[PDB]
Amino acid sequence: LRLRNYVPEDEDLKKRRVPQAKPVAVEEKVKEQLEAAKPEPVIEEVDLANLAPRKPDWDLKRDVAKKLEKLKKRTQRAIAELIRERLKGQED
Amino acid sequence: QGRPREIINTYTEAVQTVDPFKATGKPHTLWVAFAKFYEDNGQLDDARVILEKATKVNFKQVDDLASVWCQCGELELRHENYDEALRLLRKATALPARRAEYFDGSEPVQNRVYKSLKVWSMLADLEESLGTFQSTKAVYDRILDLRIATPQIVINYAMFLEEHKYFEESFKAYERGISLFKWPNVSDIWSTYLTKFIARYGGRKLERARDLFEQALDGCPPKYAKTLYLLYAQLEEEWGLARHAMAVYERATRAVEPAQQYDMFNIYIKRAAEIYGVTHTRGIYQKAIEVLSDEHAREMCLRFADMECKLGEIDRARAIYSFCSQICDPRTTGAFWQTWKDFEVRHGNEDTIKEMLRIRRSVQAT
Amino acid sequence: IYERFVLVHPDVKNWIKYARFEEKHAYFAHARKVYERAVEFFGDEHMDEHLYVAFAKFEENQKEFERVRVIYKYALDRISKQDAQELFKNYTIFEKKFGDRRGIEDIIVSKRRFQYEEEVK
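Chains as they are written, first to last, in the deposited numbering: chain Z, 57 to 148; chain I, 368 to 733; chain J, 365 to 485.
Errors might be hidden in some of the hints.
Listed next, the stretches of chain I that the computed footprint assigns to chain Z, with coverage defined by at least 3 CB atoms under 8 Å from CB atoms of chain Z [stated by the list, open to error]:
id : stretch
1  : 436–445
2  : 520–531
3  : 553–564
4  : 644–650
To be clear, the hints were calculated from the coordinates, so they are not data collected in a lab.
Virtual Cβ for every residue (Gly too), placed ideally from N, Cα, C.
Let's have the full structure, built from the sequences with the hints guiding it.
See below:
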């Protein structure tokens, strides 16, 4: 038998209780950006990736990548079909 | 001790003499020891009769009678008479014909027990161990309708619904418990809810979580809001537009505690600093110099100007230093003038070093 | 006295106060009539979202989810979507309490569709 909500007054019954899922300190992960939160001239060296903007389409390409993965499988199939058909013809 | 008849009599005398309303030491503690003595003697039916008499008592507080009802259940658990334990708690939970308050002292103490957190939580543990899923869930439904539930009990219920793999109901349970409660409490309820959702169903149907994030942000106190802004913008970085993440970061600069806002301005600058950085942070630095206090403004002014130096915008850079010079007392802030001098030596010229000194000496006069 | 008061001061705030008073004491047969008379009286002259949010909560307590959805649709077809956000917010929470995931998303999508259409315009 398994118990999870009450806090039994018998300690012998307390032993039966299921160990409850502890949380994770989300603030600890937040600290990485809080270390990024140091006020600094973030061109700390003349790093052209900061100086020249990226393509904002990389975030768009990231969303298109998932579709491109689906497309890549179909493209690989279609390319293979042409290669199979042509190699068969070129077997002779 | 060692003289059972004397022990039995003095319990009876204690029960007769002690007024619960004047009891120094809570009266149920007598009843527990009274029942325990018979239980130690194996006289379980007499102990039950003691517990029955105990339930008839209208004690000073509901917690006294509630603790008795627990001991009624706990006795049967030790002797594995689990059906009787359920039966007792069914009678304990059993509603008055009125929709009675937990607090109305004119009502009998027995009536008030129906709301009690301890009794319902115990009965819930009984049903989950012994009985069917739907009957167990019906306890939680009553608890929610009666507004008894703590967020921990919701989290227990949520995990229970995940073990029975009806996660849609589990999300409904989180949503109901958010709707009942108020800040700060709601913060941790959101965190557990979002964690569960993002794993299985955040992959599947992303957009509902954005709206759910938006609902979570509503009225949120700044420390918890700060966490939620970063988490939402991360999700925006993981699956949405980067441009929306920047907007959420802009909210973080606005809402949060002012000293932490200065930190949040640096996050807003630094995540920009790759892609947006040269274009966007020039806007953010100007805004920050207007908003923030003199110490943080001077730090912002220098690093904005130094960024323009590395850009080569020497005319704009010296304009920022000129505006900064209004705040930089040439006596104490010598580090500012020297780092400006290091700019005038390396980038500028000897007459531009003098130009800084024309600014320095005239400001020092003022 | 409430009946007399509401006749002297016919304001939406007073009707809600009277209706909630009966509701608290569980005289639901009386409370409903107060809501029914209110939507009759105001409905042909003025339509405040405040009454319908309250009356939805009544039928929610009654568990008449079908009646609740009728109330919200009747309000949504006539009140502009830009004022109906608090209307939508309670409705979307309502569907989050008792509606299926499919039904929840469609009402949310239609709201988002309106929002994105505003972006497009």
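Okay, the hints, checked on the actual structure:
Under a criterion of three residues with beta carbons nearer than 8 Å to beta carbons of chain Z, the stated coverage of the stretch 436–445 of chain I is upheld, 5 such residues being counted. Check result for the stretch 520–531 of chain I against chain Z: holds, 5 residues qualifying (beta carbon to beta carbon below 8 Å, three or more required). Counting residues of the stretch 553–564 of chain I whose beta carbon lies closer than 8 Å to any beta carbon of chain Z gives 3, which meets the minimum of three for the stated coverage. For the stretch 644–650 of chain I, the proposed coverage by chain Z is satisfied: 4 residues have a C-beta within less than 8 Å of a C-beta in that chain, meeting the threshold of three.
Checked against the numbered hints above, the structure breaks none of them.
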